[PDB]
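This document starts with one chain, in the form solved without its partner chain, laid out as structure tokens.
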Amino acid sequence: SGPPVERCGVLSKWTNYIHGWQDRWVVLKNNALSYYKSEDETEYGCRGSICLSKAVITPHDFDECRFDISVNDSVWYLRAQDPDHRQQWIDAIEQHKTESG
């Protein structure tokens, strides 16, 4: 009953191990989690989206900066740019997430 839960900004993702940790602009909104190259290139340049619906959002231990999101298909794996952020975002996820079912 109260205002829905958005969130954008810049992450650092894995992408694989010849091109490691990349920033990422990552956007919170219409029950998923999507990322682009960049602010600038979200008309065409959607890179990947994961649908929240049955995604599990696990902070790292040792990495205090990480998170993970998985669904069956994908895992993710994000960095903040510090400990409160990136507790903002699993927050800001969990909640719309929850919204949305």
The other form holds:
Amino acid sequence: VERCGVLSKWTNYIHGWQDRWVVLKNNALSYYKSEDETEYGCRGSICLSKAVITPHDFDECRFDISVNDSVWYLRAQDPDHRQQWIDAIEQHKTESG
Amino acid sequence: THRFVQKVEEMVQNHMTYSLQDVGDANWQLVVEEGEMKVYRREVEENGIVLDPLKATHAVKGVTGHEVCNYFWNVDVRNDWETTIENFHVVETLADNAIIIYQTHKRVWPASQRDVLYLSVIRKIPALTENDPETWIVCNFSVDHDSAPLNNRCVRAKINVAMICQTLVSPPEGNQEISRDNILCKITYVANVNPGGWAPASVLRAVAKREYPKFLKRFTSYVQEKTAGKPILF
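Now the other one: the form deposited with its partner chain bound, given that the block above is the form solved without its partner chain.
Everything in the complex follows now, all chains and molecules, and the chain you saw is the first one.
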């Protein structure tokens, strides 16, 4: 149960939200600049074993993925698209555990 | 370009490589845990002498790693939060971010008084990518200097101290500018002190279990108060 697609990711205090290519596979999330640069090293990844996926109450597009102090901030394009990503990550995590 | 540059590079590199590692786990002993502050202690013996490496972690809201390291390094504000130093002065200015300090510590009766001679350097570790956070570091390690030779009034201690700070930023509400409610400073503090004398361990360890928590709580709280209402310095 893998998935990939564009998502808006909070990067750093200069750039903030930027569109990035996210991939759910191998009990982890990995993100790249775009789909074209998948075969060019990952820019960042996070294991889902002990991860918590929290949707934002006021930002209906935003959902956060935290493994201890390490946190990813992601925005889909609407609440419908967010829920699909949230459910995929939970199903993938459970089927991997 | 001063004569300690290579030495500084090695010390910073070693701290960036081996001090940021989360808890030799069980080799480190948690002695104090208060909120986000955790103080770990290890009891090592090498070269005919027993030492006690200190390592602590802390998360401080509303301040950046740059701000924390600035206040930790700036001698001009030391008297506002430090409570164990009796006197000190700058022996030599090596560069805008590197100085040699001589200081005497108030005597922890009945142990002999300690002084220390160390190079203090503050440096930024640039982030290699957008995912890696910007790290600031202050390293204080002992050096020799003819202006501060050994005396018979104090016991010369040897130190290797580092405070490594990283700033975690969370997305602000909507499209607003970052505020201090969105920033968190991850502090790693390590201290390897060689007292240089023959004081009993029970007194040395109890004093360390007492003064390190007090200094971290007071120092971080001080940085919070001085930065309140001020524009963020990333």
